[PDB]
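Here you get one chain, nothing else, as structure tokens; it is the form deposited in one PDB entry.
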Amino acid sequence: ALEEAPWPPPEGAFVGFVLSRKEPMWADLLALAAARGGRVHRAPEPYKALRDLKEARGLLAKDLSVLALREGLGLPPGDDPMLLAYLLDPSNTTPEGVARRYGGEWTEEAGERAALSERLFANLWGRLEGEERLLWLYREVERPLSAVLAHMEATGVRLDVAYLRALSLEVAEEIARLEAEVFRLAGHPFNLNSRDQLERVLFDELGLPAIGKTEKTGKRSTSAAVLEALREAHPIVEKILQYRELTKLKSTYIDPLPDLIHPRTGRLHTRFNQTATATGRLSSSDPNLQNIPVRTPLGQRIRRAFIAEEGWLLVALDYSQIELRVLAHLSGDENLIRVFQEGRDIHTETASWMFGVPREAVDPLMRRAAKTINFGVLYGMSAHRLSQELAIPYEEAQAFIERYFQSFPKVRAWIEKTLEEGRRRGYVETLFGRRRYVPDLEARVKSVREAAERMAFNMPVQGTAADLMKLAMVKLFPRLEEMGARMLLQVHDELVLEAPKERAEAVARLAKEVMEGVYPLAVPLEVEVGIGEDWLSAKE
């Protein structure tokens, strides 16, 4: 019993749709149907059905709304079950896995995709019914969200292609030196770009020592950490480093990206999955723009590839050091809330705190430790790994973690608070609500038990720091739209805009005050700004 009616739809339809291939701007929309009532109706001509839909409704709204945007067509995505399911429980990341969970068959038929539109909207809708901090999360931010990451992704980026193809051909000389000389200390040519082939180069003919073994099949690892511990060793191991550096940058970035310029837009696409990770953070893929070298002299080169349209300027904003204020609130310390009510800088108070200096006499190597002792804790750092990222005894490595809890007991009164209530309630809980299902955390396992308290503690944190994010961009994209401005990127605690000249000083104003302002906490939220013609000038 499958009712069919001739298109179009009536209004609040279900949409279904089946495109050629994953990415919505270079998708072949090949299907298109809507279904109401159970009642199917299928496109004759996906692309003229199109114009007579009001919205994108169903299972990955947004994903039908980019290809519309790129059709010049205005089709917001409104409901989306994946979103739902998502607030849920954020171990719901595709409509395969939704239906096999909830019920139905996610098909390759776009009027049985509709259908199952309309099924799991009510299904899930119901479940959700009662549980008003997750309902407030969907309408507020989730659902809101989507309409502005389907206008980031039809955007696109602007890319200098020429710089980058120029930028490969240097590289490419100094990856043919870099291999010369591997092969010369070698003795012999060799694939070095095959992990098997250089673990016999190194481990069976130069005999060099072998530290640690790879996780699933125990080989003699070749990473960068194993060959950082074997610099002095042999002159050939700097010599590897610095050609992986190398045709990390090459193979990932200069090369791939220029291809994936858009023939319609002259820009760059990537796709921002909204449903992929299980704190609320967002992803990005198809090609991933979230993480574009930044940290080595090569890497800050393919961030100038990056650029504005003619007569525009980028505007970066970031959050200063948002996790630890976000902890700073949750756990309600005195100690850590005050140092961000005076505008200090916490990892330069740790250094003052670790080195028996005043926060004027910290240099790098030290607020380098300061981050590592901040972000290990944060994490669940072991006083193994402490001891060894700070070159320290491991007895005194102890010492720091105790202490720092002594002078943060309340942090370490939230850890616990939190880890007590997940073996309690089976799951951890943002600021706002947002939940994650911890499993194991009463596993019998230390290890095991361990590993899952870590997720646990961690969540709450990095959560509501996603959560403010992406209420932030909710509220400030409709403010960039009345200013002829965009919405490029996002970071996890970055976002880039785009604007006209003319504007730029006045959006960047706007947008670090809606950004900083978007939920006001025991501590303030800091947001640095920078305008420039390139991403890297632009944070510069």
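Positions refer to the first chain, counted from 1. Basically, rigid core = biggest C-alpha set you can superpose within 1.5 Å across the two forms. First, how it differs from the form deposited in another entry.
Once both forms are fitted on their rigid core, the CA atom of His347 lies 2 Å or more apart between the two forms. After superposing the rigid core, the C-alpha of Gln398 moves by 2 Å or more between the two forms.
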Second form
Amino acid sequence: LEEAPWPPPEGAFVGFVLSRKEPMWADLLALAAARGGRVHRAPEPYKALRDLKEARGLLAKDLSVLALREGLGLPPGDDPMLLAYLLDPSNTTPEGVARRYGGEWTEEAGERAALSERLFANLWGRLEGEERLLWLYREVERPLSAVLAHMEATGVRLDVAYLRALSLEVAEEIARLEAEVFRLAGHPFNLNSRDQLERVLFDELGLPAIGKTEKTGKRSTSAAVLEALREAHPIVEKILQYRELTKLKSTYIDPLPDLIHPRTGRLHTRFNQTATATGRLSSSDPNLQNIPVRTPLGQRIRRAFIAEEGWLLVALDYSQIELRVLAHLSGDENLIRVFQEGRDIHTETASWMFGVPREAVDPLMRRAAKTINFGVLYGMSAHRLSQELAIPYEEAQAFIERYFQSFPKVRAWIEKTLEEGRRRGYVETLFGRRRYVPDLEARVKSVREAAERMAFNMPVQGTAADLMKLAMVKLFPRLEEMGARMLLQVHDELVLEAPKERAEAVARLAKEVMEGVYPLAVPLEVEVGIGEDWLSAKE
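Form deposited in another entry, following the form deposited in one PDB entry:
Below you will find a single chain and nothing else.
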């Protein structure tokens, strides 16, 4: 390309090199831009950010986030990763996309600008005639990238002192457990080593092996195995308690306080827009989509996620979302009616399965009923369903056959979906997001059947993801104008921050936007709550 002085004209494709992948923590090492046969390299990349009107190119969102960190309003625009990811969601990395669509991801910003420009040209070509994908790009993914840049740059407030204090208390309770385990073993070992634990449980204590591990065929020590073994020996209960505590401490209590950003005083995740096979977002560095919520200690952790002083969190979560989506996709008259009538399938299952009235169903029971309801739907075995309730291969199954014959268009929807996927090589969401599933004609039954469950799950999980993305795009500007913030997405949930005085109004508005995003054959209901912390805002 012809070498040309910095600054580029309007509409050029940017290339940029970061010291590390996380845009909130990165040093911008280099910046360049490409357009009309010319490449322009920035002498001083931070100053040079100020000359751009938008970030247009590979990983546009990440540069935008870095710009926002520096007080610049540089929105992301076209990004070939989003075009590629819509063509085939196994397109997840710039190395891969480049190789597939016409160049090489190098460590030079100029080359990255040039690559961005030519990959955009090519990928735009490939989306010719692909009207549903183009709609997804223009109406969902491209505008969503700007929303995600703001969310990443804004961050969430964390009660650091609370977590530090909690760490010290949890350390003591862990020592009590590990000491008991070692006493019961008759010797110490590394309790964090599942290989050492395997030897102790099954060789030294002679407990029965239940299951084997997937890749290397060891005797499993997983929670399902230990649960089965609870009454065999008192060590097993102590191992389960130890695992619960150490998981929480090593994954959340300890690391999160050290990730507070020195200039914002907040915690900044990354929302990865080209990372899943179904069209969901992911969250990393750290992951804020798997913050604990279920156990007593997990609830304590979730309490550390708090609002700015004088603000409240507003948590909004779609009710029974994949079930509603499935009603629409299958057009099943019975399931449509269940929702027309305001029923709750999770609560009904929980009530039935624990034998208590609906008013006695607690959050733990509701979570177990979800496992049941989504499990059966997405192809859980009669064998595992036996054990989950868990009662027997008698009335563990039969249950599947009734579940399905109640909703006869579901079976037909699955079979239509699978037969389409075999012929086409892909399945799709309501909006035409695609997932290629080639193993549908595999000849190893276990491989083929795994593929099938992947394949029919995707239109449901993926349509739910499309809806949430669209809600985000519609909701974001409404929040800006109200002086509220969008903080987190958790698949079917949004966490917002609002000034106390406006929090109620924000909650109503956000709820209505999410409920009316794209009407289906059943209502979408959203549960909304407000509080000083993320837990109180869902309670």
